[PDB]
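In case you want the letters, here they are:
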Amino acid sequence: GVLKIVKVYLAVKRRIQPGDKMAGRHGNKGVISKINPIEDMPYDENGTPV
Amino acid sequence: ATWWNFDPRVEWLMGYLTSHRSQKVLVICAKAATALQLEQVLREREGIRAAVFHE
Amino acid sequence: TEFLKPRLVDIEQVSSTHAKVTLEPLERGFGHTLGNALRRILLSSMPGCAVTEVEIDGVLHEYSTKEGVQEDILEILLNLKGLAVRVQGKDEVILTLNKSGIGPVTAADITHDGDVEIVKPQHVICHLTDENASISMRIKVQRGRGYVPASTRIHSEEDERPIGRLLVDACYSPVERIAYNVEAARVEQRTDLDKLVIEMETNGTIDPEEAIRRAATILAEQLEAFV
Amino acid sequence: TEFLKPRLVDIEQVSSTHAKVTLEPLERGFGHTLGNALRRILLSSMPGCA
Amino acid sequence: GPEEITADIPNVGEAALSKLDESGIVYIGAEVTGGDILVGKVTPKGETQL
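Chains as they are written, first to last, in the deposited numbering: chain A, 1045 to 1094; chain B, 482 to 536; chain C, 6 to 232; chain D, 6 to 55; chain E, 846 to 895.
Because the hints were derived from the structure by calculation, they are not lab data.
Beta carbons: idealized from backbone N, C-alpha and C, even for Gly.
Be aware that a few hints might be false.
Quick list of in silico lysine-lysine cross-link-like pairs, DSS-like style, CA-CA up to 25 Å [claimed, not checked]:
(1) A:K1051 with E:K886
(2) A:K1057 with E:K864
(3) C:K71 with C:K104
(4) C:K71 with A:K1051
(5) C:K86 with C:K104
Listed next, with one range per pair, are the computed distances between beta-carbon atoms [unchecked claim]:
(6) B:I509 with C:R170: 26 to 34 Å
(7) E:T851 with C:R143: 30 to 38 Å
(8) A:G1074 with C:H37: 27 to 35 Å
(9) A:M1085 with B:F534: 26 to 34 Å
(10) E:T893 with A:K1048: 31 to 39 Å
(11) E:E849 with D:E32: 49 to 57 Å
Just a sample of chain C residues kept apart from chain D, beta carbon distances all over 12 Å, derived [to be verified]:
(12) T22
(13) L39
(14) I123
(15) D174
(16) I223
(17) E229
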């Protein structure tokens, strides 16, 4: 009764941002608050920005 | 079909085409088959909002 | 009350990436004002040359692969992304990379064009295995600033792109690390003073020199509404 | 490549002592650069008689 | 009347008939946003006239 069927498979590169769910091994999970630029973010006395 | 990348009536297609997309233009060629190749070519291999007018 | 005006003393080149920069003399409570303010521009902003667009024969989408190649397309997109490039004259440039045979594929296998100067002639791009195949590709390099990825580029245009023209996110910003030290200046007149040493690390696409002068220009450029 | 240049919009006088000052537009990650840098001068280096 | 899967709408064309190459379906690796078309499928609504 059903003539034809095709199957397309789709792909997407869907990204990290606020509202997502990232979680710690020990279940110390939470939400992304906001993506601070690397400037706002603090740094090591040996540079290395956090 | 191989002349795609070869002759300069295709290299022209771009340099002319590549900035003068703003206005619309009218091109007339040999016959059907010859322009069936162009469509395959330009529409994709260059990348234009192109369509077919044959007979 | 009269304001001392700080200057450049010496540039200590250590590598084509790394460089310290010593500055004296700055009055009390100014090493914290500028050094911080400078850094904030130096990361956020700054016009480095980086990769944007690529086309390859025999490939349709990024998620597929090519035979006789260890690495994947996205992997080669990823290796192109983190490239080092220099441009002299025009803004946008079109490179052609042609290598064939056994072994790795370093950037020095691209055609050395006039304006085109490469920083790392032993950087890893791609790998080959079988000796009856090759790779030809048209890469596109641009000068911009900050981070306009591929994503924001698929919604500010309507003329439509062709098939095969893949998109890497653009890493326009060159600098990868920066700090600033606050030591005591011994001028031979006054001992109250400090001097500003700014450490940096980068990909060499912009010189350690211009970088500093170019950023403090931007800084001042913003200050021009209050003079 | 061209950078946005911030300006003065309005000065809100409240007293001969107090005053707010509104400024737009500044690009991302510049409200922290200047505002801080401005303040540091405004306290520590403006020559008043006392 | 049996359904069909080639590019034959009386409504949408030739706007979205360059996402699709020809003759049936979305050409392998064709960049398509939400809303646009993939496989061209089309159904008869009776009326059968003669």
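Hints and how they fare:
no., hint, in the structure
1, A:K1051 with E:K886, "holds, 13 Å"
2, A:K1057 with E:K864, "holds, 20 Å"
3, C:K71 with C:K104, "holds, 14 Å"
4, C:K71 with A:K1051, "holds, 24 Å"
5, C:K86 with C:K104, "holds, 19 Å"
6, B:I509 with C:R170: 26 to 34 Å, "holds, 29 Å"
7, E:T851 with C:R143: 30 to 38 Å, "holds, 34 Å"
8, A:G1074 with C:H37: 27 to 35 Å, "holds, 33 Å"
9, A:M1085 with B:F534: 26 to 34 Å, "violated, 58 Å"
10, E:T893 with A:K1048: 31 to 39 Å, "violated, 22 Å"
11, E:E849 with D:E32: 49 to 57 Å, "holds, 54 Å"
12, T22, "holds, 24 Å"
13, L39, "violated, 8 Å"
14, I123, "holds, 23 Å"
15, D174, "holds, 18 Å"
16, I223, "violated, 6 Å"
17, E229, "violated, 7 Å"
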